[PDB]
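As a starting point, one isolated chain is supplied in structure tokens, in the form solved without 6-bromo-1,3-dihydro-2H-indol-2-one.
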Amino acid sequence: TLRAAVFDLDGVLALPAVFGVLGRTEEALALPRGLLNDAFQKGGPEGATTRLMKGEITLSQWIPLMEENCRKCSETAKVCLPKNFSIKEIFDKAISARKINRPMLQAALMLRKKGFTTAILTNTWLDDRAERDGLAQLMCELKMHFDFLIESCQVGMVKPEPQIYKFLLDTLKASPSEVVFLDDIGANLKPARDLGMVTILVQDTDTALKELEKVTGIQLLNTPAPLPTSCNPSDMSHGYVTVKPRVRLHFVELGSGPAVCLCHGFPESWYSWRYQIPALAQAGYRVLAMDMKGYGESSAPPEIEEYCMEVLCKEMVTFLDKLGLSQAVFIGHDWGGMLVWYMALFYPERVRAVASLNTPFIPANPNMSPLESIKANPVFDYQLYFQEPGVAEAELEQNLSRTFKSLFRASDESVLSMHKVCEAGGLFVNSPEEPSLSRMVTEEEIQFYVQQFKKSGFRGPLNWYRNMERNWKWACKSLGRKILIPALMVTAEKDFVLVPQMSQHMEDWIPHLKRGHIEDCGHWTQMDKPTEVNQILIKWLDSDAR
């Protein structure tokens, strides 16, 4: 019958509570017990703190009123406050110490996932201090995980006034018996309980969570590690930049701080970085996830030479120029990974740092055509099949659902044989016509790629493979160079085409190269091991790209 869960901020979703810091300051300063809490509440509904919580005055206007409340309390208590007493210092440290209670947030996320409406109902102030950014940052991280955020200072009502609970019920469109309410202050539970709501008094998180599992019938404690927060395309800021008359690049943007450009592989989308876009923004970076040329909402000219590495890299520099970015960190995977190594070799001044997932830095061999080196390895046979225009397009566009379901698979789910593709006469010759859904992706995620490839088709994406000779000649120009800017190479143990051993001689070209390695990871790295990728990238960015 329960369908809504309301949480308080201070003491429930964020720890420690302000009141806890007030009690700890009395002990540290050897003041009489409760003196700071008495000054805090002095006057009740007509006092300074109620005016602050109703949004009548701001935090800075309240600080001198709280200080005089402290002196009046000490006069009565017959004590002297220390020579260096400051409400501002005490409050700054208290607000700064507050961190998200991860287990409490994890339980809130699981409830919403199972169909619950979630909300935060809190008594808070209009923060105008010089350090107010810390509070804003915390609220933003929490905001995206709940259906509603109700703050006292915005609605002009405070807990425990009964009208704020009537307002809460009208916002949720729910009756009181369909609501569970969590708060660390007993007084605030009393009116919710009077209306008939299920209340949980929060003293310690683990006990609070056990009461919550019992009443909802959903397991919250001891639960498996969840996947990182993913992107909803319709909630993203969508950017459009024209780099040349017929070419427009589309990107998705989130966060503030140093620019980080993400470059996908074949046959993918900006959406392949869905698990890293919120994580990198939260770590303090401005993320720009591209639809590469030939894909999604980016332009897709039909000409083959529009997709050679030289044209592609030049358009990426123009993209930075039109956005007003002197530098960006470049992170690529698959074809995008090959492109970022060549961005570092040809435009080092525009690249703050460079990282590749799966794709090693392959220097051109001046004594051998790339097409002849492809024939030496039977694993690369699918590349020869991709050369004839129209042939692979017809097979991949014939059934879009089948195409993405057969390709996007974890290492133990492979349904295609990438060798003898030419001899068989296709990629899907001895392949099931209706493949099973991989554990890595959902039907909804697959349908995004199907919808994006319904507009463009496979011509543009396949053309990245039809410039082998042209790319080989261009790469030969960089044979005497070394990559001396910060660099990261991440290998994936189970990629059968881009094997980790293909990257072993990279130190000869990138002497101070840093490495990452992911076990039990196939070709589709970002969606196969999203947590591991996030950890490797965030640690490297914080040490080498700052």
Contents of the next structure:
Number of protein chains: 2
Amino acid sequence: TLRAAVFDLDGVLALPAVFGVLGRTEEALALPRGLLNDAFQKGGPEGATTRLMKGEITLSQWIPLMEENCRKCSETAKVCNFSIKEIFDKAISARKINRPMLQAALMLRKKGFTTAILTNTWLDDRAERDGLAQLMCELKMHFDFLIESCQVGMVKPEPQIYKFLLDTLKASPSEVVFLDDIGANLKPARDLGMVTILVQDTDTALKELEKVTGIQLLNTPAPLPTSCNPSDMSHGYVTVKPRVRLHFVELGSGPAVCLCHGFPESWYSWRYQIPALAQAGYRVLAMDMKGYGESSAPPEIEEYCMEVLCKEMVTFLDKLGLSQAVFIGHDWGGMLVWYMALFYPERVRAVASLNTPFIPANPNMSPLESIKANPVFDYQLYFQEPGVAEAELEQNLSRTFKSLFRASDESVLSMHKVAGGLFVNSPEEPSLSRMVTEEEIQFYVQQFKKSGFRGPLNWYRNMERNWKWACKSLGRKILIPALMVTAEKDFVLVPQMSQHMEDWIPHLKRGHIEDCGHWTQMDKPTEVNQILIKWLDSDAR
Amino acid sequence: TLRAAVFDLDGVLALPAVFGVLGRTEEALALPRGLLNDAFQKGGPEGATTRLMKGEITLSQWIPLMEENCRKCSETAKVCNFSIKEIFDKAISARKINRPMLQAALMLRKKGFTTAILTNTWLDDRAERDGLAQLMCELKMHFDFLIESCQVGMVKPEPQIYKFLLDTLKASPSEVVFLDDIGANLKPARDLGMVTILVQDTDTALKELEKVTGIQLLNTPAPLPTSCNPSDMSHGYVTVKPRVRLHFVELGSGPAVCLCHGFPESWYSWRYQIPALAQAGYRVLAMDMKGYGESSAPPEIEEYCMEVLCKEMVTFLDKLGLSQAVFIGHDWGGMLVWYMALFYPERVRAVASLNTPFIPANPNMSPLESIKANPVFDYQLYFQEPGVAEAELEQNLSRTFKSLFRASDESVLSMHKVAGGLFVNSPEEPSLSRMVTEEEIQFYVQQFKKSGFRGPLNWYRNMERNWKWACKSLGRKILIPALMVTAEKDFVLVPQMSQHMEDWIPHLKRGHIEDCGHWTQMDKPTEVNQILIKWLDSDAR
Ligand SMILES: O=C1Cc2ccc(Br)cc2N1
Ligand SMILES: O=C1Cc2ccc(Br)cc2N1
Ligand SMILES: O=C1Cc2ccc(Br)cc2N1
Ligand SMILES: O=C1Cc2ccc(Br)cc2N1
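Please give the other form, namely the form solved in complex with 6-bromo-1,3-dihydro-2H-indol-2-one, since only the form solved without 6-bromo-1,3-dihydro-2H-indol-2-one has been shown so far.
Whole complex next, starting from this chain.
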């Protein structure tokens, strides 16, 4: 039975094939048929191309040798602005990930298959080498192995590369499916006993792959975006003051994008956004906000007022040597992010909030008076008394997260009349939401075992201090780039609460997600990524 | 006696003053004298500018209100393409750090003074606000406190801001020197009992400051570049394989610049480069190389062959989501960096080496044969036998680092005929080199207490494996941007050893440091920064 799948890069995992450019240049330039493909493979196993593919020489060294072969091939054929460099630069740049092939590779791996890329490639030292470096990076991370001819000094169709592939896979030939667009390179794999697919069009190739593996790969439901494996991330730590350190997860290059979670969450709440935003060209810093996970959680209520939290996020930027970051927040993090824009606009490249609207402080009313004027916020009153909510929330962490993290139609908690507790008529063993796996709930369980709910709950215990501080901003407007993302089915932070935001943020941009509950990032990850990337590319650079 | 120094920003720590632009625009536009300064301060303590300075309104809200004041001031004066926005953008952009004033502030702090910036400023929400954010960031980090009028809701010359300043300084007025370019803002400080300086020209101001403090501030020797306080850096951690994690220090934004130390060093060996390179517009990643500091140090010799080290640095980039980084190395790190360029050019934006030349492997000679053909490398033979060098180097860490880290004319170790040990006729209590403080030696002592010298020494114990791996690259050339930096007085990695590098790196750029020993970064930090920044800006973007 098959347990390994091997894919070629050019013309299999990446399209259009770099090989299909020589034939295209031939037709465009009205050159003799196969002329450029003849100069390319000249000398066979002893030629310049085999030397390049084995890593003996780099691409920049090979370019002049290819030109020589192009001259000799035109002299024999009796024929005659021409640049191999230009042709190849254009060909590499045009070559994109073959999404349905990657999706199929992703599905096989998810089902227990060991996946690998086996490719005849080169050491790219061109001034424009970054394009391919980016492509290889996005691709490679989805596979167990990447075997490149130039790193192993072996090439397809040499028998040794196939035995090397079996060795790294730790599998017998009959347990391997091998996909290649070049028939000759497919031959030695078949000779060993491997299942082989000659890839012409992706569709038929996947039909062939689906038949041999017995796994549905074609016509499957829309896959979720790439998530994060905590142990595979870069973890960063910044001391903002003697007793306070902030932890973050960091991925990508480009403008700094600081992600700020809500209550009672984690940097992990952004798991579906981190790979997408990094791939989109941003340097993502996903925080553990103060009171959470690996960040410090002092016990004092006043350590959690908006003024202190914002000041520390400024210090976080100072210590990392960042003059600005785009700030994206959800729930309490969304509230933090609006106050970062109001008090520190010079440090905020752009601001976005998921669910949390910007409602200015009412100077003619106490926050306690304002809260009582809405049944949806009654839970915030239950959070006031130190110790009460901590006791119920810390009692059973698995039940706490399983009850909280649910889609709109999966409601288990009765948030009105909080009876005497959040879990009044809630099951002791709630079912697992379609939004989360058991493993994901257990990550939140493990994070919350360090500091519990005290620090997180203290974010709600500074109403009076927050109101007084916020009143200092009443004459201001948010004039830096801003995005408000509303969730149709969030019944606490309702889209309707954001209706007057334009009065204070005149140039405000908007996004809206239908059939989406409170936990926006994991409820609708694909749509959050689409909205954020589109807004970042237009308004944050 | 004075123990605190307070400086204004505009016209004191930053020049030319934003105030000096209105008078300049007046003359250029041939407008009535003081017209633009009249519109600016219109309404006094109740006017738009006081509201802006207190943080009631942002700069973008104030711009239209200033235009109104400009209209009313021209109607009364009976006068008539004009943009306040354009004038202010140009003025802010032109305003640079007043280096001798910053230097004087730096000297006072080094001598035990508490330093602060007290400034009348605004909440900058302009599209070009980053310029000032960068300026404030570079400046602020050199002072104990930054007091901004718009954050405290108080303004100079209001008495309360002065009492607030005394409160934050925790000092009585007579213990404070206050420097300001506006006479009126100097007045309340004098009234309290503070020493005050009216700053017109920087030179006289510093003469006045030097006289009152009794500290030489004018005509002082060239200061060293800013260093790093370990506890104030962002520390990053990446697991590259199950038993191997790499630690790094991270500072700045822009293209990724990965710094690779030599033997027996630390990320801290780059302490003078990290702030300079970040300020120059780069995102610096200063590594603890495998076997050092907070990075993993497995005991096996083969965990330290160049092939494995390079593969792990590629994984380090993969996990951080970096398609490329410029690699800058010193000593063993310089050797690593040339092999990164030869084996992974697609991941190397540009390569630079301090001291370590690129000499290709001799395929007709054993590394043991090659080493014996030079007295300078005899120390590498002494490093071969596992346990021998570890025992002597680990015996007394303080003596180890004090003996090693020395300038060219301070030589204490007799590196030829290594007698039977590196410390044969070396003092047990060596003197402290002019290059290092006791505190700095103790940092290296504390780092080396975790894993000792085994891992670091294993970098020398893979000669045969490294030679075989290197022979695979003999037909290649380094064609990506490259820099070779030679140190006149390094007697092991002599500048002469780099003479043939052009044969393998045709486009190689060069730097040379006179009167510089082996420990390049701390021996000549100012010149290393100049060479690296100039090369990064021209060849790495
Ligand atoms: O409606 C409001 C007013 C307000 C001010 C400050 C903070 Br933090 C949160 C809120 N919520
Ligand atoms: O911290 C705060 C201040 C505040 C004011 C009003 C309302 Br409703 C909620 C909150 N939360
Ligand atoms: O001269 C040489 C040849 C060589 C090859 C590989 C490594 Br790592 C270091 C060195 N030094
Ligand atoms: O690791 C190595 C390989 C090698 C080859 C030659 C010389 Br000299 C030094 C070294 N060091």
